[PDB]
Amino acid sequence: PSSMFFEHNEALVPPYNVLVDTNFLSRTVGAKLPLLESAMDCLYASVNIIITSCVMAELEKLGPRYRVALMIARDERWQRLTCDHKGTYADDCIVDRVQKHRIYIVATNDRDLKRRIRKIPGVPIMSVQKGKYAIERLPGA
Amino acid sequence: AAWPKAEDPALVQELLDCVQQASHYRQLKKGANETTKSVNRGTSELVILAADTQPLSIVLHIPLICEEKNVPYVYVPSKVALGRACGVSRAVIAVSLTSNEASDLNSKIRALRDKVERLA
Amino acid sequence: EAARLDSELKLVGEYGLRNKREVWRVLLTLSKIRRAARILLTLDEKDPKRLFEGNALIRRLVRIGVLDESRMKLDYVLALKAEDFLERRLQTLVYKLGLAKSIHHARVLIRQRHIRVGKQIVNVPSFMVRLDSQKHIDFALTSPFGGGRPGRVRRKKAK
Amino acid sequence: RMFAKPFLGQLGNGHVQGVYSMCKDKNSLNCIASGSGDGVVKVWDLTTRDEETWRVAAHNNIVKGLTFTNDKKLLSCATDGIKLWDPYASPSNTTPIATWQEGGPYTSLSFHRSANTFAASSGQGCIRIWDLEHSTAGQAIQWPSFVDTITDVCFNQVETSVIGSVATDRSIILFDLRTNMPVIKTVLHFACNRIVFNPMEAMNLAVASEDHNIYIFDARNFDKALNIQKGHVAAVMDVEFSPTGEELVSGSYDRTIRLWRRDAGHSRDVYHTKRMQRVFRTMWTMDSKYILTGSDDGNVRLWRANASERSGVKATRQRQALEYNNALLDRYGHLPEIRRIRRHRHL
Amino acid sequence: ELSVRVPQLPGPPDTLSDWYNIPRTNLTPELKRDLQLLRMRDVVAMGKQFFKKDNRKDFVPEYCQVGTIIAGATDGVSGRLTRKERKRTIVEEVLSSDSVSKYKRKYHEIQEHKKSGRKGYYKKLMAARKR
Amino acid sequence: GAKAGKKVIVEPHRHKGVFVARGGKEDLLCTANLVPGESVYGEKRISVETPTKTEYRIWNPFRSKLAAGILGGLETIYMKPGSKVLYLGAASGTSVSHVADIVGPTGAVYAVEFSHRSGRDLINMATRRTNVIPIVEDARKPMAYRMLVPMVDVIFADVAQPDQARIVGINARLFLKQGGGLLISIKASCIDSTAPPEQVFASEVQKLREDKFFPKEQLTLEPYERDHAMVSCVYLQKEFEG
Amino acid sequence: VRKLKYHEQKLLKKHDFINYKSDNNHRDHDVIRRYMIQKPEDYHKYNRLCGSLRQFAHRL
RNA sequence: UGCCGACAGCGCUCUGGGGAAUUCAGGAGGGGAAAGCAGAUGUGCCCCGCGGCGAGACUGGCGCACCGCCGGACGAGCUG
Ligand SMILES: [Zn+2]
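Protein chains in written order, with the entry's author numbering: chain UX, 41 to 181; chain CF, 7 to 126; chain Cg, 18 to 176; chain CM, 51 to 397; chain CT, 68 to 77, 82 to 202; chain CA, 64 to 114, 123 to 313; chain CJ, 2 to 61.
Hints were generated in silico from the structure; no laboratory data involved.
Ideal placement from N, C-alpha and C gives every residue a C-beta, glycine not left out.
There's no promise every hint is true.
[Stated by the list, open to error] Per the computed footprint, the stretches of chain UX lying under chain CA, defined by three or more beta-carbons under 8 Å from a beta-carbon of chain CA, are:
| # | stretch |
| --- | --- |
| 1 | 42-52 |
| 2 | 112-125 |
| 3 | 141-150 |
[Stated by the list, open to error] On the chain CF side, residues computed to face chain Cg include the following (Cβ under 8 Å):
| # | residue |
| --- | --- |
| 4 | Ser-29 |
| 5 | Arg-32 |
| 6 | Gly-93 |
| 7 | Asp-110 |
| 8 | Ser-113 |
| 9 | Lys-114 |
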C-alpha cells in the first residue's frame, strides 16, 4: 500500500474513519456511552463512524433484545458503505475493506478480530475498556 | 482568446503574493522558456501568464502545453506588476512555480489552484 | 508498538532531531492543544465562552503560523499535528530558506551561533519561530558568512 | 421451489426507528413516501434504489398517516396534526404548505381516486373530509351518537365518492359522500384493524381483523362473510388488495406476510426473514407484481408475489414452459406427493 | 462474372493475428546470440545497473523482429550514433564499446579462483614430494 | 540514452496489441503505428526490415498515463485490438494515437476534448489516423456528442475535475456496453488537495461503486507521477466481456 | 449426453450414467488395468476366494 | 536453452510412454445471425352501443403582487 512506511501508516491523519463492529456496538450501548463524543475525546480529533451494511445486517439479524443498540446503529448521521459478497460475515467484511484500503480504524472488542487485524499491519484497533475507549496502535495520541 | 482571465477583486493580489512567497522560496521558474521547460519536465505546480503583453500569442501557446499536461494556469492582467512581484527589475509575462512537498506553501497553492479551477 | 517505533523514527529522520525525548515533548504540546480543541467543541455552537475562547486560540495558532491563514476553524485545530509543529520548528527554517545545505549542517550552525532572529543570536534549535518573525532570520555580523572576522581556519591558513 | 426466491431488496438506509407509516403513489409508478416512528418522513424513487429523493421531519409523535395528492403534493397525519408538503420542488423546502390541528388525534388518511378530495379519520368517532383549494375544516360526518375511535379509512376506487371505516366496537361503518351520512354499521365477534374495498369488484370489501383473520364482505349483503381467511397466529396489521383484484397482502403483527388470492380461505404464501420482527405497512405496486413491506425494524422492503416468477422479457418457449408448468400444476394440484411438496414452506 | 474456381486443398500459427502480424522467429545463430545477451544483460552493465530478473528455462520468444532506433527529432546531437558507432548486431556493438578491458580482468580473476587448487596445485605438490 | 540507430529486439507484451522492445542497456515500449513512417510529436520510432510497412512508436510513460499503467502492469486493460473506446480528456492526442495504434483499423476510438487548440492538434491527428473520431465539446453534457458515440466497450478517462466521477458515470450511463470496462486516472491535488491521497482514492472508488460500478483493479503509478492512480472498473457485472 | 445445467443436475443428483453404487468405484477395472488380467471373470474368482479367506479369518 | 548421463533422492503417472492417421463421446472459448409465435379469428358495407379527435359557442365560482385561474355541459365536421 502506498502512503505507508515500514509498518506505519502515514495515511490516517485527522479526520479518522472508524468502522463499527457488532460486538463493539452492543458493548458500547451496554456501557452506555456516547459514540461520537467518546471517540472524539479518546482520539482528540474529528471522526466519522461508519457502519458496513454487513454489520447492520448482523445487528438486525440478532434477536430483538438488542433493538435499542440496533436503533443506535440505524442512526442517519453516520455514513454507510455497501458490500459485494454473499451472506453477512462482518469480520470478513471489515478485514476486506481495511485490506484494500488501509485507511481506517477498526473498532471491536472480540479477541478474534483483534488477532486477525494485528496479523495485517498498520491498522489501529479501538476498543472499550469498561470506562472509556482505548486506542491500540496509533502513533498520534 | 484569453478566456480563463483572472478577475480583479484581490484574487490577482493573492496570486502575486504567493508569487512573492515562491520567488523567495526558490520554487519558481521565471520567463516563458523556463515555464515551457518546467511544464515539459512536469515539475510545475501552477503557472501565471500576463495579459498586458505585446502580442498575446506567447501566453496563448503556453496554455496549449498546460492543457497538454493537465496542470493549472491563470491570466494576471499586468506583466509589469508581475515582474515587480517576482523581483526581477524587468517585466515578465510568464512565471511558473513547482512543488516542494513539505510546507504549508503547498496548502496555499492548493487553495490558489482550487480558486482557478473554480474560475475555469 | 512497532508502528510507534517506525513513526517516531520517520519524524526524526524527516526532521533531523536528536531523540525521542524531544519528539515526545512536542507531542505533549500537541496533546495540550488538542485538549483545548476538544473542550471548545464540547461547548455547543454560538456560545459566548466558545466564541471568544476559540477565536483566541485560533489567533494564537495563526500568530505562530502553524494553522494556515486559509483555514481558521476548530475542525482544523483538531486536525493539526506533529509534522506541522515541526514545520514551524526553527532549524527547518534554515534549511528551507537556503543557508545550510542540510538539516544537520543547520544544527551545527545553530550550535556555533551564526544565525539570529531580529537582534540576538540563537543557540537553541528548538526555539519556536513566529509567523511575524520568520522571514527576519539571517546570519549575524560576527559570523564569516555574514562577515566580521574571516574565522579561525582562515586565520591559521593565513598563518 | 428451487427458484422460490422472494426477496428483491431493501431500499434506503432505513428509518431511525421503525416504519409506522408508508404510502405508495398510485398514479405514477415509482414514487413512495415512507414515514418513520421518529416523526420523520422521506420519499424514495424506486429506480435509484439506494438513495433518497426527499427527506424531512414531520411531527413530534409517531406519524400515523401519509399519502400523496393527485397532482404532486404529499400529506402527513400524526397526533400533532395534518400537514402538507411538496417533495418534488426544484429547490427543496422543509416547511409545510398546508396544516390543520382541529379534530383531535388524526388516525388515518384516505384520498380521492381522481379529484382533489381527501378524508381524515380521527379517533373521536368522527371522520371529516376536505376538498383541496376550497375547504378549511371540511365536512364532519359520524354515526350521529358515536365516540369510539376510527382507525383507518380507504376511499373506494370502484365506486368513487364512497367511504368505509373501521370502529373499535368490533364494528365497521359504510359511508357515502353524496348523501352526507353514515350508511351501515356491522358488529362482529372481535376487533378489526384496517379496511379496504376491492379495486375491481365494487360491492366486495375486505377487512383486516384481530380475529387474526381477513374477512371478505360484500356491501349489499352483510348476512354472511363472503370469505374467511383464517391465516395467522398474531393479529393482522395490514391488508392491501392487488390492483388486479385477484390478490391480497395480509401483513401480520408477527414476522409474517401471507399472500393470497381472493378465493382460497388459506395460505398460498408465507414470507419473512428474521431481520423483520413486526411488519406494519404492506402494500402493492402498480404492476401488481412487486409488493412493499414497511417493517418494525426500520426498513422498506421490495418483495415479489408469486415468488418463483423471474420477470423481465422472456423468450417464447420460456413463457410456453412457464405456463405449461402452471397448467400442469393446476391439473394435478391435489395428489399427496406434489401436494406436500407444494404446501411445504419453511417456517 | 462467374467462372470455374480452382480447388486448392493442398500446425501452430505463424503470424499472430492479435498482434498485427508478428512472424514466427527464424532460428539464426546471431539471433540466438542477441537473445543470450539480452537475458544476461545484468552482468553486461557490470556494477552500474541492475535489471529485472527475467527467468524462464527457455529464453527464445516465439515471435521477435530485429529493428532499428530511427531518429530523435527533438534531439539528435548526441542521442544519434555516429557512422562508425553504428553496428549490425547488438553483440558486436557491446563488443565495440569500452570496458571490455574490465571484462577481461574479471575473467582472469574468476578463472584463477576456479583454478584454485584443483589439479595443477596437486601436481606441483607431487613434484615437491618426488624431488 | 538508447540512442538513434541501435539495433534492438521487439516482442509482444502481455496485452493484446501493445509490444515491448528490449535491447542493450535499456528496454522500452512500442506500438505498431497505423499511419506509416511518420512521427507525431518527436516521439522516437522503430523500423524493421520484414522478411517499409513495419513501424513502431516508443511510448513515454511520463507523457501518457496509459503507458504508465502498462509499465505498472495492469490486470486487464480491456482494450483489445479492434474495440470501441471512448477516450475522455483527449488533450493534444498523443496517448490517443497510441490507443488508436492499439485498436488499429478494425477498432475505433472516440476522442473527446474540452478546449480548442489542443483540439486542433487532435483533429490534425484525426485527419491522419483513420480510426479516431474527433469530438471537441463540453464533456459534462454528453448529449451533445450523443449523435456521434455509439455503444462502446472501453472508457478511457484522464480529466482532472471535481465532478469526474459523475462525468464518467453519466458517460457510463450513456455509452457503455453491458458488461463494460473503464480505465480512469486520478490526481489527489485536483480531486481534493489537502487530504492524504489514498483516502482520496477510496472516496473516488466508493463514488463509482455508488455509480453501480464494480471496482476490479487499482494501482498507483508510483515511480512516475506522484500521488496519482490508475483505477480499473467494470460496468455492471463482475466479469469483463460477456 | 450434454452436461446438465443448474436445475437439471439439481433434480437428478442420484442420476449417473457411468458408475452405480453397485460398482465399488470399479475395483474390478482398477485391478485388471493395473495388472493386465484378461478375464474379469477371473478377477471376480480372486475376489470370491479372497472373501472366503477373509471370513475364515473373521471366525478365527 | 548442445548431447550423454551411474548410484542417492523428489515429481508425476502405470491396461507401459511417445509419434502420426482416423471414428466418436464430451468440454470451454471466440466470431457471425434481425436472432422478434405477450396470447395469433378474411374483405367490404351500413346500423347500433361506446370511445376519442374536433370547428364553434357557453357557464359557475375564486382571484388584498392582480397577471389570471380552476371547473362543468352543449356542440358542426373527422375517427376507432
Ligand atoms: Zn461486506
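Each hint tested on the structure:
For the stretch 42-52 of chain UX, the stated coverage by chain CA holds: 5 residues have a C-beta nearer than 8 Å to a C-beta of that chain, and at least 3 were required. Here's how the stretch 112-125 of chain UX fares: 3 of its residues keep a CB closer than 8 Å to some CB of chain CA, so the rule of at least three is met and the hint holds. Counting residues of the stretch 141-150 of chain UX whose CB falls under 8 Å from any CB of chain CA gives 3; the rule of at least 3 is met. Because the beta carbon of CF/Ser-29 sits about 12 Å from the nearest beta carbon in chain Cg, more than 8 Å, this interface hint is broken.
A cut of 8 Å between beta carbons decides the hint on CF/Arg-32: the least distance to chain Cg is about 6 Å, and the hint holds. The interface hint given for CF/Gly-93 is violated, since its Cβ lies 14 Å from the closest Cβ of chain Cg, which is over the 8 Å cut-off. Because the beta carbon of CF/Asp-110 sits about 5 Å from the nearest beta carbon in chain Cg, less than 8 Å, this interface hint is met. Taken as an interface hint, CF/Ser-113 checks out: its beta carbon lies about 5 Å from the nearest beta carbon of chain Cg, inside 8 Å.
The restraint placing CF/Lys-114 at the interface with chain Cg holds, with a minimum CB-CB distance near 7 Å, inside the 8 Å limit.
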